[PDB]
Structure formats: C-alpha cells, structure tokens
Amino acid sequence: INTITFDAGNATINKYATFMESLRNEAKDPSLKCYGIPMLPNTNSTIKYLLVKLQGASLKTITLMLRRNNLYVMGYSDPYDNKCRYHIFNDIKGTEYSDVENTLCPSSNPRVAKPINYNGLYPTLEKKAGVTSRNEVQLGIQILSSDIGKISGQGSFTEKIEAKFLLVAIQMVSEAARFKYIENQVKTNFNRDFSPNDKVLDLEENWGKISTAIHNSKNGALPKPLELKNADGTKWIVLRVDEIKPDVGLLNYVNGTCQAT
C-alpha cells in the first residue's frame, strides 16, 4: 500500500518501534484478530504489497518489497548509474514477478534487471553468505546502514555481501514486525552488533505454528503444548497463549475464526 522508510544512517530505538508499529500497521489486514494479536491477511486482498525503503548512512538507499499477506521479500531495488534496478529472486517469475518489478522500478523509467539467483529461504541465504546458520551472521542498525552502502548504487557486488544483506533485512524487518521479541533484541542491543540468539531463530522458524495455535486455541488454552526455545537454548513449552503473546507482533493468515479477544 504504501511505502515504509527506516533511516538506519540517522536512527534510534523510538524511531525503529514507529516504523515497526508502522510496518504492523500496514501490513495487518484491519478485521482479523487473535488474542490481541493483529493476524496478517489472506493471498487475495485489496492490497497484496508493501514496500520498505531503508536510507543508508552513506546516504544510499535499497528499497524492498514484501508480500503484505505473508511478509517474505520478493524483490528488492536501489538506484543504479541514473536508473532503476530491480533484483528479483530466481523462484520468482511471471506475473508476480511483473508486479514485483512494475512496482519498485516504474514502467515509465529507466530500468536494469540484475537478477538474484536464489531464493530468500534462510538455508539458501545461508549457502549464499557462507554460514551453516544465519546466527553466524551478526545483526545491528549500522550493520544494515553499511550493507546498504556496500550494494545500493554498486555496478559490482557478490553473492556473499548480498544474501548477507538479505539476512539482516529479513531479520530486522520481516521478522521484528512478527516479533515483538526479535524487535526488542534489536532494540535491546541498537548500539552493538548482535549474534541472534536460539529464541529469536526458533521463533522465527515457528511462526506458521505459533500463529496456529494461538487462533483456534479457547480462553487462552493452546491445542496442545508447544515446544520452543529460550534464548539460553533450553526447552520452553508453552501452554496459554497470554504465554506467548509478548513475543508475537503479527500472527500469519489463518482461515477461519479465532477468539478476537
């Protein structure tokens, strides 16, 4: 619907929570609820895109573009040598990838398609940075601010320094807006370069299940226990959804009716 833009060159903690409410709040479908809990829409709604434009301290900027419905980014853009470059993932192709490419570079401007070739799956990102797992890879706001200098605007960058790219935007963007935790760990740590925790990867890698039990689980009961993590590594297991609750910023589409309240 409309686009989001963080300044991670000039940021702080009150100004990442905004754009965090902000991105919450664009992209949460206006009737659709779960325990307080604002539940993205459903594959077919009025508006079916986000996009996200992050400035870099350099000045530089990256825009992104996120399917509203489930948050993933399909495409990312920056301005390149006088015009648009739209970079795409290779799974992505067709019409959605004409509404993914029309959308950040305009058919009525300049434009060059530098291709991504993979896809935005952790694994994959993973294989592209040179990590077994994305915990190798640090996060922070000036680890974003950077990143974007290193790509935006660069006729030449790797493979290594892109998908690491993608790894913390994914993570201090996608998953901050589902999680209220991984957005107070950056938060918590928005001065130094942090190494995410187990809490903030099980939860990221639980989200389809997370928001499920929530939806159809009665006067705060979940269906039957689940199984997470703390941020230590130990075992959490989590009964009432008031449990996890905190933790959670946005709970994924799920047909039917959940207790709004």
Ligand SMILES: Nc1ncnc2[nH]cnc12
The other form holds:
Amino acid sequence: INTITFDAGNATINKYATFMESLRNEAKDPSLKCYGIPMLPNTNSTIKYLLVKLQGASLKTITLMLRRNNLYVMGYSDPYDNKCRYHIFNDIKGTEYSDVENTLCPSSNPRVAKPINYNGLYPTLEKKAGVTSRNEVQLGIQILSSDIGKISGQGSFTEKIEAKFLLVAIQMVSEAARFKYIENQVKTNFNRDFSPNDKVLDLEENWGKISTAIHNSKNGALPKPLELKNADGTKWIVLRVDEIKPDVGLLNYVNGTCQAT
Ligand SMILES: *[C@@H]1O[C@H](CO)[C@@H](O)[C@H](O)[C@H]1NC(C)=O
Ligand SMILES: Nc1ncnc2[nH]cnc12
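Taking the form deposited without this ligand as the starting point, write out the structure of the form solved in complex with this ligand.
What follows is the whole complex; the chain from before opens it.
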C-alpha cells in the first residue's frame, strides 16, 4: 500500500487529523474489532509493514518504517548526497533487517547505511537524549519540522538530536495513532511546543494492558479495575469500556473472539 505522507511544514489540525485516520485505516485488520474499536492484525498479515513520510518546512523529508502488527518504528531513511540513506536499530537483524533496508532504499537505486547504534525502547532513547524522563522533551508541529531539518540530508548529526527526533516522531505518529487522547493533545497544543502530561505517559505505557482488558470485557465491563492516571497524575480507576474508549484509537492484537460492538 501507499506511503502515508504528512507535511509538518504546512500543517493544520484538519490535515493532522486526516493523517491519523489514514494511518489507522491502513494499519488495522479490516475485520478485527472489539467494542467498535479497530484492532491491529497479527504477525501473519498479507502486508507486514507501513511507510510514513514526514516533510518539514525546509522541504526535506524523512521516511519512517513501521511494523503493522504493533506500529513499532524499525528505522528510517532520508535523501542524502544523491543516495537513499537507511538508518536501522541495532536489534533488527536477518529477514526483518533486509525487508527494512530494501523497502526503505530499493537495491536497484544508490544507497548507504548509517546505523542507529542503539535500540528503539523508550529508556534507551531517553538516555541518548540526555533526560531522566521523556516529559522533559517537548513535542509539537514546529519541533518535528525543525528536527527533520537537523537530520535529513546532513552528513553529521549527534545521537542526542537523533534520539530526541525519534521520541518526538514515535509519540506524534505511533502513540497518537494508538491513542485518540494523544492525537487530541497535539491538536489542542497545535501552535505551541508542549510537554507530555502524566496521562499521555501512562497510556503509552499501558497500551498492551488496556487492549487485553477491552477484548476480555463482558457486556462492557472490564475483567478487573484498571488503574491509570489523570492529566494531573492523580489515580484514575477504570471499571468499564465506555470510560476508556474515548482515549483509544487502536487495540493491540489479542487472540480470540471479543464482543465486536
Ligand atoms: C487463538 O485463538 C483461537 C480461537 O479460540 C485458538 O484456537 C488458538 O489456539 C489461539 N492461539 C493461541 C496461541 O492461543
Ligand atoms: N520504536 C518505537 N515505535 C513505536 N512505539 C514505541 N514505543 C517505544 N518504542 C517505540
């Protein structure tokens, strides 16, 4: 399928909202769904990967590659020195590595590797970015755009601006597609840089747990209380699907049948 493109350089709320629904519809399994929330396919889908190309105000682009099963960013490419430069995490190896390498930069055209010499987990990217927690890294449409410019087409760049770019892009593409609440935090703060609040980090952290709970609900009631966090960090106890459903855009794959609507 189509590369999903988003222009951060000339963005509006409505263009970002279109981007998110295009991403959720290409990513979802067409028939899996629980309580009306679409689910991701499992690892034997016909299409296993999705490509997302981001463009900044400088008009330079970066293309992210995502595993469709769980929306994980595996690596990215940029136009560099008349070549396709592919950047892959140090733990993507074998079959995956070269479906990534060869889908980001076709073997029939000039290309070059520039490894990401660390993995894609949040503790690793926070360490590389120089912060204690990723709430110290600001998100926003201008920051994503300036960050594309600092990497795309550049010979040299630091591991600190690369890992800040990836914390920003993972949350504004993958976490925003998974959670309607994070998509709504970006649209609210559309014209300013903002820091992710406590409910944003708590949802990011409990995606798998939320999906399993919704899938296992009987007549709209969660198997057991789900303890999450409000925007100010206070405890939030969730007992029913309709309480949490406003914040969720996609379920992580969970095997078996569930109430579809
Ligand atoms: C997945 O669910 C199906 C349908 O209930 C079941 O037959 C199968 O054993 C499950 N697979 C695993 C690994 O649990
Ligand atoms: N590489 C990544 N892609 C998507 N979501 C993530 N959350 C943690 N790391 C991530």
